[PDB]
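Q: Spelled out from the first residue to the last, the chains are:
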Amino acid sequence: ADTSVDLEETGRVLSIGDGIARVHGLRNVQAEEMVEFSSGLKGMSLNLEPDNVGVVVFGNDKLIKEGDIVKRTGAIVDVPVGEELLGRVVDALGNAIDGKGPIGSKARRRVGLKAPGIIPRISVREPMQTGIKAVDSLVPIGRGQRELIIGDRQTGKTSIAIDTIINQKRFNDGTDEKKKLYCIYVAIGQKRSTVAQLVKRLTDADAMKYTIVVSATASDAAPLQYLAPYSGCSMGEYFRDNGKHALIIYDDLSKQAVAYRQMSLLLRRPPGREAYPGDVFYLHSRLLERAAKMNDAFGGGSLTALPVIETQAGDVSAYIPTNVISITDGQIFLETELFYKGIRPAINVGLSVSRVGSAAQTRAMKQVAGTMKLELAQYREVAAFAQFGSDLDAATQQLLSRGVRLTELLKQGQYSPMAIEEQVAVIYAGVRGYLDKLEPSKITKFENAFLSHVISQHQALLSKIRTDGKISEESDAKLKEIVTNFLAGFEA
Amino acid sequence: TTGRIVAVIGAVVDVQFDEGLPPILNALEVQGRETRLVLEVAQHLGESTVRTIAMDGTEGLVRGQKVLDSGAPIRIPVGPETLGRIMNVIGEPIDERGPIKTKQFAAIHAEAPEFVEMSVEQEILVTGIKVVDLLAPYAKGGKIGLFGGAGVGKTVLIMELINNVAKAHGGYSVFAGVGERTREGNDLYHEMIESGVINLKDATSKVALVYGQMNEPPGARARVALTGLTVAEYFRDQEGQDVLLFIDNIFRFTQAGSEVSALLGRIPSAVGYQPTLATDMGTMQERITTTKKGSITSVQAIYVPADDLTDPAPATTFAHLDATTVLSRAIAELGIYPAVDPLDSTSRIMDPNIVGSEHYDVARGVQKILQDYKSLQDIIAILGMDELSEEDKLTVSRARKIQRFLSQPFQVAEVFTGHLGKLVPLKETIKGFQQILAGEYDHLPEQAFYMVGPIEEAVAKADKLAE
Amino acid sequence: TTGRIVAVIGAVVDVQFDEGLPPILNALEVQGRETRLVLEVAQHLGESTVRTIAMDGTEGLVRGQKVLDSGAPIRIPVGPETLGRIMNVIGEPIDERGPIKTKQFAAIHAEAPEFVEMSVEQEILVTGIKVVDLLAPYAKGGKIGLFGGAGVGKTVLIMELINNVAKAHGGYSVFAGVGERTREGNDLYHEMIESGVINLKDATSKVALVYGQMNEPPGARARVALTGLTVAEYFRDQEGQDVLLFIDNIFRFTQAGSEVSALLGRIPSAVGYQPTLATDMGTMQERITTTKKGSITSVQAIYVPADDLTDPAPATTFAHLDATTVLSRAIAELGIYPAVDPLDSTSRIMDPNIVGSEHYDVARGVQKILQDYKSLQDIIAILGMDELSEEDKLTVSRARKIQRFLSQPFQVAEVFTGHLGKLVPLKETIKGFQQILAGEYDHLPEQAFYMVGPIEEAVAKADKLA
Amino acid sequence: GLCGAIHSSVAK
Amino acid sequence: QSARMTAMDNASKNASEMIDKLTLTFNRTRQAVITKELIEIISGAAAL
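Chains as they are written, first to last, in UniProt numbering: chain S, 62 to 553; chain R, 59 to 525; chain V, 59 to 524; chain E, 101 to 112; chain D, 250 to 297.
Hints in this document: simulated from the structure, not taken from any laboratory.
Dumping the calculated SDA-like pairs for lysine to any residue here, alpha-carbon to alpha-carbon at most 20 Å:
{"id": "1", "chain 1": "S", "residue 1": "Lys261", "chain 2": "V", "residue 2": "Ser177"}
{"id": "2", "chain 1": "R", "residue 1": "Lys351", "chain 2": "R", "residue 2": "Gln180"}
{"id": "3", "chain 1": "R", "residue 1": "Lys124", "chain 2": "S", "residue 2": "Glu110"}
{"id": "4", "chain 1": "V", "residue 1": "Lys432", "chain 2": "V", "residue 2": "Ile394"}
{"id": "5", "chain 1": "R", "residue 1": "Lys451", "chain 2": "R", "residue 2": "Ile440"}
{"id": "6", "chain 1": "D", "residue 1": "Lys270", "chain 2": "V", "residue 2": "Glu391"}
{"id": "7", "chain 1": "R", "residue 1": "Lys522", "chain 2": "S", "residue 2": "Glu436"}
{"id": "8", "chain 1": "S", "residue 1": "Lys103", "chain 2": "S", "residue 2": "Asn121"}
Selected chain D positions facing chain S (in silico; Cβ < 8 Å):
{"id": "9", "residue": "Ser292"}
{"id": "10", "residue": "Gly293"}
{"id": "11", "residue": "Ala296"}
{"id": "12", "residue": "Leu297"}
Here are some chain S residues the structure puts well away from chain R; computed CB gaps all over 12 Å:
{"id": "13", "residue": "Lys123"}
{"id": "14", "residue": "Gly143"}
{"id": "15", "residue": "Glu144"}
{"id": "16", "residue": "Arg231"}
{"id": "17", "residue": "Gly235"}
{"id": "18", "residue": "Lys239"}
{"id": "19", "residue": "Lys261"}
{"id": "20", "residue": "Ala510"}
{"id": "21", "residue": "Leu512"}
Note that the Cβ used here is the ideal one computed from N, Cα and C, for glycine as well.
Extracted from the complex, chain S is given alone in its bound form:
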């Protein structure tokens, strides 16, 4: 009485094609449980139908044939979680892909867990410094916040994310454990050589130590690409639920949607708007709701997400683009026009927002950039309204004079994340009018000279602004003094 293959805990493949197995049997499987194929290939139970189980396959279905035995696992899909993963490159299921040995994982976590409710969280209040003036000054990001990076191909979306990961050494190399931020970088649909390029740079910046990289690339099965985000999320909740701080980049959520769309159509689920499943909003809401700030009652830890979405022809009104803009706590919109024009980052002031506002900003920063955002918005308008110097008054000549100078200061190169006090020093100079008489073309050069001066000579003012976290009345006076005088010697 060989009773190893009863149809309650095992089944047999009725048919297989395009990564979807229609398994017979599996009478006791649970929706969303993981099953195993004779070939050591894992799959996931998505459709539990009267006469069959629709199984999505986490790998090449070429090794699966009609008749194969499929075995339950009794477990709803999960993955390795914890500090062991830092500095490692894993696939969408947790397996290492840096051929640097097994992960020493002691904890596991379901990839699909609902986000903490109302009661367990507290308003986002601690800054999450990117290192990018434009961002940290105009569209501030706090911990537990979800801020979207969106724009066409090549407008610089990933860069924002890398600079951010790199900027975190400051605190991670420090003492304070509350200021530390562990990062997670999920590649989806991307190309292996690009990711390999990516993890190289991170290594060269001495950032891998605090980063985990979940990779679900271009040739990985649709279901791996699909899962990848939830997988990476779960690794971030480990830190979030243990009073630690995590930052996750979903690069990008566009390719995942495609994966979802594919997986979903192959299951024969009727296509919806634009060919995607009627629940693509849900696909991303479920995920991004998980980034959150827990109250002290739950460890005070947090998860901050920076999902990426690719627009086409800079059209942000597009259905997917707006679907995701309506989930996150703001967006950073990058335009190719601005980029070519010299404005890098190509952040579009007017169209980007932060729903957290200044609550995610240090007082030093709030002090200097409190009204700048709506000022630049109003500047872009009149700059357009006078692309014909229409008998323009002074209040608007002053508006155009600040607008241009401030625009130059928000410019920034790559890989050189600035420290908060450094940002405050340079914005200060502009926002206060000390630069209204310098020539726009000069501004970039001046900022390198000025910053040099204060960093070298004046670290007492930098360390105080940084420390007090505010701009006291004397600091504000020591600063006025430095800028005006250096400026003069500078314009000799």
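Since chain S is already given, all that's left is putting chains R, V, E and D on it; use the hints.
A: This is chains R, V, E and D only, laid out in the frame that chain S set:
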């Protein structure tokens, strides 16, 4: 009755009953679960099998799992002991403060008030917001709608109205968050408390809350509005009070339905929507209403997919409103908040017989000039401004200043504008515009009119700018 | 194993087996035919039936016909004896020169190199083409893509590159003609013979040719890429060789896929394409890559349907390239060749730390002025230049001179330009563009810059224009 | 204005 | 007056040409949206 699960595909679960088929709308409870899973019966497929929508996650369900017919549609705790509390789609407290000990329970599904139950009183409801008040006045007991694409101001506007109106309101308030951001229900709850609208120690709570956010399965999202609305109907009928209903965002109810629609086996209507969109919206919107028994003042946020106001959803909702505030990313983009579109916002009380001719002539006066300027915009763009008649370059002037005088620093957006929030009284508004239109400030600079409350601040700001 | 043909629809042949069902991807040989008809298994429909894709026309097949499991996937002759030979999807010679006598045979379906096998060396590949070199430089062992709507310059650009790069390359080359014109295969073969890269006398040929053109049934077009690909993989890994891989056109592989997809019974995705579009591009594109064992510089022409770059096919291809040359009908129609869109082509090497800041600053300099000209164009369009600012008119002058200086005569296009082909050295490009930017030629007329190599020739042309 | 280059010419 | 006449002749003729083109672009777009929106409905319906 006891049925078994025969198929699970997402939020849709088919159940087979052996004896006694639960009627449509009935709620069934799945047996064997750590948490309460309710399935609402959606259809009778035949063969004693019903197709249902899950009110929560379907993970871990198994074919053959047991399901008991509860014998009635989802019923929730309704009454005064709901005030100051936070509820679920299915009526469970989610604030960790214990059971909600109500005398009665109500089913979230119910018929809308009859035609002979309608009321036609029309009283302006002043809000303190220049634009709304001036051009598209809200009406007490009326249906109000805030239309806007992603991130243009729907919620903040709902936030300043809670402050400028809900806060003084002597009556209850019900805020139903439908498919919106969880972070946001936590911001509001704690704000209600810090301002005593919610009292955790006593029975002075003047607001009940119901939530079914974006982290929920379609099913929950297709019903929270019902739960929310049901709580509100109680205070309207059983107590006869003046209710204030806030829903953010009602579009989510309709997106919820479109998300399971295909799994319900339906040919899609246009734009992907389900073929029953309008009727689905009708049987709901028709309950959100003032009657002779009580009064409801509903403020509903309405999302606009792809920013397209013609999208079947936003498009289908206009007819359910008495006043509409249409927000625009094109206005917002210029830094003009609130980003209301002055030429696409309307109110049923913008009648000389109701607000008066001074109110009316100003409003229309302001709209003509903004329209007049809209038409010229594209043209002076290319052909420039020299050739324009001094008569016409004055309307460009006044228009650009009005465009600004219409912006205002909200008290709930200081974190955004870096400006103290101003609330302007209806007469300060009418007058301010009356004067701009009258040529009484053709000397001050436009910028003086941007982000200010009353006209006097525009005059003061001119000087401050004077250097 | 012997199965029987149960159904036939175009290129989708369903075969039933009684004992021993062949695994997916296995090649079956249909029995009773004048020529070879290979069927590639695609899926197990259950009931001992397999759905397959024919590799040649299916006319004449009959239900109940016998089919034999080959026991493996399409396998093809691989090694140096393929050099100088023309071969089929299924690896048979089609150059009427006998059998390709190789030691080994490789199967066209392989997995992509692993993560740990990847490379990250970034070396610039100079081509002698001004626009490409200056603005979206290619890279050794990198992946290049030339996007182009019908008749815009994809093939002419591949030819010129074959000439400028392949011709003096130490190492092998593989040209894979996928879904294109047969005459072109013929035009190339004979040309290759003539310049001696194909030698029918000695074993000195440096090129292997694989073709599955516009006349083949869908399945053939759907697999020849894999076939050219495999040939290239052999030189890379089995000989650690530096390969050059040219494909015209890789868009055809995806189109082929869309042709059979309904027949495989799949709900279509957007624009009627197959729901498996991305993964199909992916497991294929991921083998076209440089590794630690060998280098593959690959240039792929990408046909853009109806000129729509938002088309699922081309749209999904951007993510696989390191450098892209987007060709434009609008530019072509202005007479600028190659019709490269300067603000739409990119290259992961356009980094100061790789091309040097001199290069990086001229490059961004040129784009900035063309971007600026681009925004003035709307107004220039109704009202012309009159109303323009003296300053704005100088960008316009410079932009129109930079735009013209980006064009250039190709040897390969001499019959049409009426001019002798030119090859400009990188430093000559960096320079010529500096000066233009720098106002050192604001006196010359635009026409002086049109169709020339080095700037020095632009000055001359100006004298001749007098 | 709107007369081509009448002014710019003399100015030039 | 002869240059304003000339400049305004051109401007007016450019305008009209622009008008003729935008109109034709409008109809092409109008037809494609309908076709596009209809194929989308059919695809969804057929999949059932």
